[PDB]
Amino acid sequence: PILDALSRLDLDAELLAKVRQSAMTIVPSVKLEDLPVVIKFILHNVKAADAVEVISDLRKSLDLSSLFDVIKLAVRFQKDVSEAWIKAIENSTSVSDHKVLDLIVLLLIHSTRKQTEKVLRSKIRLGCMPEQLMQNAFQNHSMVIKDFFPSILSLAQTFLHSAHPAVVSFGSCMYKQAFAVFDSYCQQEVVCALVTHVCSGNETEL
Amino acid sequence: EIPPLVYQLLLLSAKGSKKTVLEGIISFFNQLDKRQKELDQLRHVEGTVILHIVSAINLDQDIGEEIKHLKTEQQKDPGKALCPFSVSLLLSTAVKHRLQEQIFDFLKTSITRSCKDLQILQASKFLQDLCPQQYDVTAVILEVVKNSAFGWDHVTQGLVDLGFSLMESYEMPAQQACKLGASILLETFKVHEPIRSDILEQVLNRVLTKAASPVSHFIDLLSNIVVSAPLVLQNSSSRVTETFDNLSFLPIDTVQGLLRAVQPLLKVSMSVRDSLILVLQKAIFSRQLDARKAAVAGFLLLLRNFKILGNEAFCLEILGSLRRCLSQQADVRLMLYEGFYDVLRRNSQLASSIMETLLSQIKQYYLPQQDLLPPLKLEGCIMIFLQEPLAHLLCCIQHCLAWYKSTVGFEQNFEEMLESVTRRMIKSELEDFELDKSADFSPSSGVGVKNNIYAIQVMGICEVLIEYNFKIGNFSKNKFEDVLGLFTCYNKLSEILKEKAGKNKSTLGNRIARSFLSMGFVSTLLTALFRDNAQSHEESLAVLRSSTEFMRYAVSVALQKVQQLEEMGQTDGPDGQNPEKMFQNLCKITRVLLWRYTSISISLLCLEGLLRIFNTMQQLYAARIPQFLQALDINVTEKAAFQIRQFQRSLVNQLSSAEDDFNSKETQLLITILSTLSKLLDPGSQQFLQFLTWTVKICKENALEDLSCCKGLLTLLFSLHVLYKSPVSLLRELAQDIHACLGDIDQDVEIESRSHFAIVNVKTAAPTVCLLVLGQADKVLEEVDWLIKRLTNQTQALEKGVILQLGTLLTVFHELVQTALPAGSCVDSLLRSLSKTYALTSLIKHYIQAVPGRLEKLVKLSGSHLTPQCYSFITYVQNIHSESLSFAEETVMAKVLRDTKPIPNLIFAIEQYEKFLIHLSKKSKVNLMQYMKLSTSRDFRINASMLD
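Which chain is which? The protein sequence lines are A and B, in order. Take the first sequence: its letters are residues 247 to 312, 349 to 394, 399 to 492, numbered as in the deposited numbering. Take the second sequence: its letters are residues 209 to 246, 263 to 290, 292 to 396, 415 to 553, 582 to 654, 660 to 684, 700 to 891, 905 to 937, 948 to 1106, 1121 to 1167, 1169 to 1179, 1187 to 1226, 1241 to 1298, numbered as in the deposited numbering.
Derived from the structure by calculation, the hints contain no laboratory data. Keep in mind that the hints are not guaranteed to be accurate.
27 Å max Cα-Cα, derived DSS-like pairs, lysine-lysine [said to hold, decoys possible]:
1) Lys-293/A with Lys-536/B
2) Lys-525/B with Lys-354/A
3) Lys-525/B with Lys-361/A
4) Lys-536/B with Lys-361/A
5) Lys-422/B with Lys-361/A
6) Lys-453/B with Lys-361/A
7) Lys-453/B with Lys-293/A
8) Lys-953/B with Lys-1039/B
9) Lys-400/A with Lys-296/B
10) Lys-369/A with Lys-453/B
11) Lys-354/A with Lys-286/A
12) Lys-1039/B with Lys-1025/B
13) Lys-321/B with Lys-400/A
14) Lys-321/B with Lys-462/A
15) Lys-400/A with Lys-341/B
16) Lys-525/B with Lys-293/A
17) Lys-333/B with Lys-400/A
18) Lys-286/A with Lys-453/B
19) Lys-453/B with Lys-432/A
20) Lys-422/B with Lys-400/A
21) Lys-453/B with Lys-400/A
22) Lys-1093/B with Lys-350/B
23) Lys-525/B with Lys-286/A
24) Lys-369/A with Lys-400/A
25) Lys-286/A with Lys-536/B
26) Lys-453/B with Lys-404/A
27) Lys-453/B with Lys-354/A
28) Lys-301/B with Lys-350/B
29) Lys-432/A with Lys-321/B
30) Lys-321/B with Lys-293/B
31) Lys-381/A with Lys-277/A
Taking CB as the label site, the calculated pair distances span [claimed, not checked]:
32) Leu-257/A with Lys-341/B: 43 to 51 Å
33) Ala-263/A with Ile-345/B: 46 to 54 Å
34) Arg-928/B with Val-477/A: 57 to 65 Å
35) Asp-250/A with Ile-929/B: 53 to 61 Å
36) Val-365/B with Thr-394/A: 33 to 41 Å
37) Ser-437/A with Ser-1200/B: 54 to 62 Å
38) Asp-250/A with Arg-805/B: 34 to 42 Å
39) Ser-437/A with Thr-452/B: 17 to 25 Å
40) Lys-510/B with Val-430/A: 39 to 47 Å
Each residue gets a CB set at the ideal place from its N, CA and C atoms; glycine is no exception.
One chain only, chain B, in its complex shape:
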């Protein structure tokens, strides 16, 4: 009887009134759907009524504006307005060509508000506690596509338009918008057959002319949709050929990912392969740096596009292209050295030809002379400029030689000349070298930079042969001393000359320069060096362990590699793009890194690494955490609780140590390592609590005078007591200590010398803590504004928490504004934050619509705890800045209109809050001003007696 009912309703709406019919039908179908989800006969009828409503809005366009009802419902209480049928109806009407933008920006603001709300709830469980009602628009909008598998056409058009403008409006809530758009586009592509070509055309037209904003979303969702359905491009008659022009816009990573995505369709389709080979052939000899970079990037992929390792003309014809390209500049000579190994893992005789080409290349600078004066033909790499990166070429040579050796005429020659070079470097010291002067380097000089590029190039030369001798020799003492001599040449020429005269004027934040080692090699080195003691050891590591300088470099290279995995998503050396491969490498190196730390600076290096493994583990390998956690030997928390416990033991021993043994660099990393590992402890575990009570009890007892140590530890406590309870209890206690620790605003009454925390001493109550407390206080006020926004049967519960929290929050500022703060930015933060908490106005402004006793008590508290104390602060800041202004050159206009600007703003905030009390006092028929006092102002009188 529902189709006849909807028929009579739209008949009535066509001519008669149209106000409440839509609300009734949407509510009825809401309850119908909530029943149904707990099938086909319902989907068909729902599609029919959707079509009837879209026809009604098409013919009778006046039924859509009455968007106003949904907007009012959302404003009255956020969330409970985007019902699945309501959103489906507006989505269908979004393609009406009329009123699209109003509906569309309503959806945009609703979805961004919902994602921000989800972010806050994931950042605050207390809001989840008092506001369990959550409305996640992502799920309901990704459920429509699940329901759109029943012949919905205009619904699908609305979906694809919504996604297109989603990528348009992207450019973190913007990243969440990208995620939602990719999800909805993938769903509507996967299940809708006749529109998938339209989706492909839209995404192909949207990627172009888009490079300023991060556009990796286009390539990633394109890869996902083509790996789900590769035949769409051929169904679209392979419209990817026009995209080959992207070699000039931004082919730094977009081309690589695009080719990665389209790999199977290039393989199956000969026409697109021919187009790619011709476009790259015309691109390679373009003499542009960008064009050549795009060409070599495409070459890195096309060789492995075709597989024969387990059509031979295709194999042999591609050999000479990179050989010809090798003659170009060093910058374009760079990436081929790295990418050769990837394709060399995919060939047998092509590998032999590639080795022969590389051997002919290295003969250019070999100088075959049988162990005499060093083979430095670096003079050719001068055209102040550099022509060939010898270090990268040598690294590629070593890696490819290792691959060839492991796989199963010139190869014997290849090994001996490499061995000859190793025997030549050990015999060629900094006496036969041309760069024997300690200060021949000169920045911004035609010869100094020539020495600098020679200096950096030889460092990579030494590093590569370190890998060779370690790998070619197997527990053979003769090769180990060669490694010692190589680093002896390396350190003697890297520790001094460079970073003395080369570049060390600014303090080096980083360490030993960019290394050309293998993540596999460094893993083998550390695992063989530490946590390895067997009869196969030929006493070579015993003399190797004496080289503590080699020890520092041996781990600093690893810190460089995982930092590449920190800042970027990849690294150097072989197996830099196979995420499982380093995951195993990271799984292996972490233990020996931990073992070295637990064996007992040098350990400072490995511990810094562990901080960056855990950081990289969560930020990159989020889905792969359980195996890594279990690899340290299923619930992550029990193993995580074990891991922090050993770190807890290190801290408690280290913190309890004397001040002479504080090694602050260790403390910062270990504090941060907990703040990173404590992130993934699950909410429903007890170990959450005893750890949380441990850091509280360690805060109550320990009295640390370091500043960054206190700042880092407090961040951990406030990054964990933000998802379990209300932090205002902690903030109040911190404010209790700060006021007790420091003096008083009136310097007349003595605060009792309490100590809630031992960390806060006569020194740490400086901006060190007082800026963190006000930082947390600002955060609490920020979400309260959202709660006040939500407040404007569930309403009563919302008002309970807000009044309770603001009551506690007022006790925080009341005890904090009475603090005798020092000069500087800490005073400025308090004055501005006081302007924030008063903007108390919005809650008063909302309740004008209504009175409750609890709200009256808050104003009673606010009047008796904030305003009279707040004005006392202004009478004090005037003299502390007068004292601070005497220390000028011992113009000034900057320092007089910058330390006093907050004062007028604070006055305005007080009166604006005071003014809205007038409105409530008259309207609410209750006088709530007997609690507070009269407003106080100030004047002056220029002391002309002391004018001069």
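Chain A extracted, bound-state conformation:
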């Protein structure tokens, strides 16, 4: 309620800083149904240079636990923090081992793009992001499949056809994984994309 009131109230820098470090200190300690309001506040109410590491603190807070779609909307409400998220995962994947939350939020920012795909290509050439984690993600968190978002992720294979063909195989694997869950209309759209692939282009994607 204090953070909700401060959301309602105006902002002053000196107090905002100390209360926001206090918030970051007290985000993960509470139950998963309680911190989302805090995350929404720090998203649509707070914007600063230090957010580039505050969001990394949030990532560490949410690393363990990973219906709970309010966080997605909170990230939708503002876009500058999403660019900060891209900047943070530019180095978060450089040290941390590509946690599932990283690829989830990467899909979210790519949905809400050019910088995301540039980062994806760079880490394709860098560390290839072991895809068992995203297999588990599509196994458990398939409620946000909505093929229009991963469609660009798949068609990135075309730009990844110049070299490193293994990542094309990983993209094929993850489209195989995403097909066998639900969303029969999305399944037929995936089959339409696949027949497009066998029709246009050379024999490789065929």
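Could you slot chain B onto chain A? The hints should help.
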């Protein structure tokens, strides 16, 4: 017999070959359409064949890739590939879910290339001269919608998808893309009935989550489409209710424009009005600055949304909302003072209640004491911080009082207390004031800024009553001396204390601080002050004219107002958003501004204004130019030619004056005023020429030693001799003078002391001119690359101009690389620009496909005019930088790897051009290298004898 033919062709394409059938059918329907445009029986059959082709590409997807033919046609010669039927066919296929992105980015690059080409042609008539073939994709793509009024559904889907991704790809060619997208969306919304709801849904879904990029296009095209068709939103079941959440993203101007657009639909529909009132009611008491700004912005519009001036519960209920909101901070107290007048122009008794509320507000700081110690209750506006902008409140009070007086208990009290204040300020000088100290102000101090906010607030207090006494009194000497005393208090406390100790450490680029006057008032003041002499004048202006300090302020406020109209699209005071209103105001003030200049600093102020009226006139009121041009007393050129002639007379008299009377500030503005007024002279007028020959002849004769004066005047000459002829003739002559003026690269042979221009003297040949000439030379090379790109029966004509221009252009650099340039950036520009002109390579690279004698002569010229002279420059730049490097602290690594970096790049460009001559010499069976000489390189030997 055409439907049977197309039937047998797609039957053949279904199973057999599919290569040349599409080219044949598109060419045939191209000639058919070009005949037809010079009806229904053709539109129906064309729709049927379009549907047949889209069915063919759907079933036989292999007929669409053979995009390659169109791309090759565009590459062979740009433009002649986007035929109306070709673009309609690809637009229909764009919604195939397959190969959309390839076709779509092909269209994107084609349209951006076309808009860039149009920009260049509008920036260069010489290219229009040698390349009359223009392909304006905007027109043909906005013609499809004109033809799409015959039941085309998938065509319309392609159109709307293309527009959606157009706004997506926007973020000046990007601005042109926005214009094209808005146009096509408006056309497809206006004529297509069953998809207009889809268009509304798309534009509603596209505006959200879009604030980093300039998104004014969304609101403006939404306003256009709703003013063309307001019933679409109700047809869409009023899906604008969800948009009310935009109070947190960026409600600085988007909310105002959105409410402006949706005004009629809010009025007709009660449900959306109720949603708006409830959303704003919950928004107002949110204690966020941004939320409160959005709330007050919405209040500024909702009051005038409902009109009763010519349901009474609706009138009376809304009164108390802004009164309650008045208790908030000063920042949110600000805009209500400005916006009160707009709604006060729309009520009779609500106006009385608003005056009563404002009167109760002003009683908070009135201190009724009957002409004693000043009524300064500014102590309340301290919570280092400020709580109420007294100046804005007083300005609103004066403006609303004037409106009420002009419309037809407390009003008599309202006038007398305002009069009492005016009589109190004249009796309260800087002795009863708390801020009598000359240095009590202190930046970054808890008390100094408190004095500063008190100091700035009282300045607005004085300014407002200047408006009151001038308006309440009518040629009454008693009030005029009150105005003098008010400015006497104003200047005595604004000229000194502030901008001495307040803030003047940096030189003030601007002038007397932000003024709270009326554009109507300042127009009346200047028109009554200057260009007005009648018996009604009560000798008050005679003693008023003695206050020359008042004169400077009287016009500097106007410069502030029109500057607001320059940087932004609006201003302050009453009637700040009615474009016709200031247009009349600008039409009126310009004459007296000109009259003051022509009456004979003070005139420097009015002339600077005129420069900014003309700048604002073209940049904002482009459609309203003819009336403004005629208002100075139909062809614009004859009146424009008259206007510059009087400005020409001022320049020729001013330039011919002695150096002691040059007043450079005047010269820069008058030169720029011509460069702005000469923009709108039409191409098909003789006055174009005698003016153009006048600025040339004034350049040949006049010898001005000022630098910005020469730079500004040259820009005008090169901003006009860029749409009439080829500027390379002028550039060569300038280069002829620079080489003659300066020394020689070899300092052994003496250049004849010619003088093609008198402006270029021993001083002006500095980077002042040598950077402008190389700037123009870079521009010419930039468009030549486009011509070379276009070059890669009309081809022969293109090669004629390019060889001729590059031949002249080579004579420019040959005579310019031989110049003994001084050190600094002028040397660096030449070395890099020399790297540009050689990249001569692309033209050679293209002609590998083929030889002509003219091209051989160019290389003969290039070999004998550029390369041997170019290497001599490098042997000279090594010693001029050695001399320049001795003046270090009299690390250095910065100044050694920065003055020498261009040299390796220039070497690479020479050899790359040299290398591609090898390819042509062998292939074209002609040896073209006897003209040139061997490549020269350089070595060193560290002088260990003089090591230390």
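The hints, checked one at a time:
With a C-alpha separation of about 19 Å, the suggested pairing of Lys-293/A with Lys-536/B holds against the 27 Å cut-off. Distance hint between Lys-525/B and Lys-354/A is fulfilled; the C-alpha atoms sit about 25 Å from each other, no more than 27 Å. Proposed proximity of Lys-525/B and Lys-361/A is supported: the alpha carbons are some 25 Å apart, at most 27 Å. The straight-line distance between the Cα atoms of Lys-536/B and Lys-361/A is roughly 21 Å, inside the 27 Å bound, and the hint therefore holds.
With a C-alpha separation of about 26 Å, the suggested pair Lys-422/B and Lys-361/A falls inside the 27 Å cut-off, and the hint holds. Distance restraint check for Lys-453/B and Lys-361/A: the Cα-Cα separation of roughly 9 Å lies within the 27 Å cut-off, and the hinted pair is therefore satisfied. For the hint linking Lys-453/B to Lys-293/A, the alpha-carbon distance of about 17 Å falls within 27 Å, and the restraint holds. Straight-line distance between C-alpha atoms of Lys-953/B and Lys-1039/B comes to about 24 Å, which keeps the hinted pair within the 27 Å bound.
Simply put, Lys-400/A and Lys-296/B have alpha-carbon atoms about 25 Å apart, close enough for the 27 Å limit, and the pair holds. For the given pair, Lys-369/A sits about 20 Å from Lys-453/B by alpha-carbon distance, which is consistent with the 27 Å threshold. Of the supplied pair hints, the one linking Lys-354/A and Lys-286/A holds, its CA atoms being roughly 9 Å apart against a limit of 27 Å. Annotation: proposed proximity of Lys-1039/B to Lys-1025/B holds, straight-line Cα distance about 21 Å (limit 27 Å).
Proposed proximity of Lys-321/B and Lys-400/A is supported: the alpha carbons are some 24 Å apart, at most 27 Å. Distance hint between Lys-321/B and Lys-462/A is fulfilled; the C-alpha atoms sit about 24 Å from each other, no more than 27 Å. Between the alpha carbons of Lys-400/A and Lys-341/B the distance comes to roughly 24 Å, so the proposed pair stays at or under 27 Å and holds. About 24 Å separates the Cα atoms of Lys-525/B and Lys-293/A, which keeps this hinted pair within 27 Å; it holds.
The suggested pairing of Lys-333/B with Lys-400/A holds, with an alpha-carbon distance near 17 Å, which does not exceed 27 Å. Distance hint between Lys-286/A and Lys-453/B is fulfilled; the C-alpha atoms sit about 19 Å from each other, no more than 27 Å. A threshold of 27 Å between alpha carbons decides the hint, and for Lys-453/B with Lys-432/A the separation of about 21 Å falls inside it, so the pair holds. For the given pair, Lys-422/B sits about 24 Å from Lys-400/A by alpha-carbon distance, which is consistent with the 27 Å threshold.
Of the pairs offered as hints, the one joining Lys-453/B and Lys-400/A holds, with about 15 Å between alpha carbons and a cut-off of 27 Å not exceeded. A hinted pair counts as satisfied when its Cα atoms are at most 27 Å apart, and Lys-1093/B with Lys-350/B qualifies at roughly 14 Å. A C-alpha spacing of about 19 Å is found between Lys-525/B and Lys-286/A, which places the hinted pair at or below 27 Å, so the restraint holds. For the hint pairing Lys-369/A with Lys-400/A, the CA-to-CA distance comes to about 13 Å; that is within 27 Å, so the pair holds.
The suggested pairing of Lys-286/A with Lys-536/B holds, with an alpha-carbon distance near 21 Å, which does not exceed 27 Å. Between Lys-453/B and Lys-404/A the CA atoms are separated by roughly 21 Å; this keeps the pair inside 27 Å, and the hint holds. Restraint check for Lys-453/B and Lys-354/A: the C-alpha separation of about 17 Å stays at or below 27 Å, so the hint holds. Distance hint between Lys-301/B and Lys-350/B is fulfilled; the C-alpha atoms sit about 23 Å from each other, no more than 27 Å.
The suggested pairing of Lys-432/A with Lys-321/B holds, with an alpha-carbon distance near 20 Å, which does not exceed 27 Å. A threshold of 27 Å between alpha carbons decides the hint, and for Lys-321/B with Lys-293/B the separation of about 17 Å falls inside it, so the pair holds. A distance of roughly 21 Å separates the Cα atoms of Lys-381/A and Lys-277/A; the hinted pair therefore holds under the 27 Å criterion. Remark: the range hint 43 to 51 Å for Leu-257/A to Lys-341/B is upheld by a beta-carbon distance near 44 Å.
For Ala-263/A paired with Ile-345/B, a C-beta distance near 52 Å keeps the hint of 46 to 54 Å intact. A hinted range of 57 to 65 Å holds for the C-beta pair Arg-928/B and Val-477/A, which are about 58 Å apart. A hinted range of 53 to 61 Å holds for the C-beta pair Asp-250/A and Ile-929/B, which are about 55 Å apart. Under the hint 33 to 41 Å, the C-beta atoms of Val-365/B and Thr-394/A, about 35 Å apart, fit the expected range.
Separation of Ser-437/A from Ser-1200/B is about 60 Å and conforms to the stated range, judged on CB atoms against 54 to 62 Å. The hint said 34 to 42 Å for the Cβ distance between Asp-250/A and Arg-805/B, and at roughly 38 Å that hint holds. In this structure the hint that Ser-437/A and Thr-452/B lie 17 to 25 Å apart at CB holds, the actual value being about 19 Å. A hinted range of 39 to 47 Å holds for the C-beta pair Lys-510/B and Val-430/A, which are about 41 Å apart.
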